[PDB]
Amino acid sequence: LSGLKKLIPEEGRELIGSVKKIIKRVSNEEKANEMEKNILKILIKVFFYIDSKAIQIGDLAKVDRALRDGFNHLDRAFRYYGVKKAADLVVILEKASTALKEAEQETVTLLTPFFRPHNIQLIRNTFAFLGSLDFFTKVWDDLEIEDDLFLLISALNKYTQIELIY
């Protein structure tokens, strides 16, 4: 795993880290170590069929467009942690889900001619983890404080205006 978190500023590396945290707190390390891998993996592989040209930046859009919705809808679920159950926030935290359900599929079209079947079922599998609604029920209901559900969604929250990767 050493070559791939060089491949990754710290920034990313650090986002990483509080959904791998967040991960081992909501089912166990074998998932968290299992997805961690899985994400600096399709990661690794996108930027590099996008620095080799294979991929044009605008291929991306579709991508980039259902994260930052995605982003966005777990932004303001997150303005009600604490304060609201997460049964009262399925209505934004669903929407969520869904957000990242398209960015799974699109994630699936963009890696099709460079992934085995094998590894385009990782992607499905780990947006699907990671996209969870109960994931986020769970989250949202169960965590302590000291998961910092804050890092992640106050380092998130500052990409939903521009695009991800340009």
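We call the rigid core whatever largest set of C-alpha positions still superposes within 1.5 Å between the two forms. Residue numbers count along the first chain shown, from 1. Compared with the form deposited in another entry:
The Cα shift for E146 between these two forms, taken after rigid core superposition, is 2 angstroms or larger.
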Contents of the next structure:
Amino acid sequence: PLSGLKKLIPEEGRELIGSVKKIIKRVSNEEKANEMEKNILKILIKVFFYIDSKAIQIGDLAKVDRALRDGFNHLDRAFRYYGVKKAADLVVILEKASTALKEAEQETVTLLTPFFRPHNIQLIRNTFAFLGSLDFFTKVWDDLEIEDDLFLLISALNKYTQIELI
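Output the form deposited in another entry next; the form deposited in one PDB entry has already been displayed.
So it's only the chain below, everything else dropped.
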């Protein structure tokens, strides 16, 4: 099943992936949501094992971690204006988040390429490309019945920015 997949993930990872999956299921579709959750789960498990086997150091994720935190912060600044403006009016903050997430993608690919086979690399590009697209943020912020689900996601991203990775 899938219960053994999520157990090797910290609780903050389960919360974040759960809220993300809810969001994808709202704006996109169910198969896209389960696909993205399988992707993030596989990536995170393989990374955690690559660090536990000392194949890579914890500092090797410094740039990925920084870019992820910056994208999450930009998504918080944009979440401040949810329900008061449209996604086209908030294009600045959201494209800042998208650029940060693209940096996170490129550094993740840079780090994991000597280990993954090319299919898992393309899986990285697909996951980051979908979850970090400005069209994705545009669809989320324009949707009306998400404030409840988006609040859980932003709250999950906030407490990741509190766990300093060092």
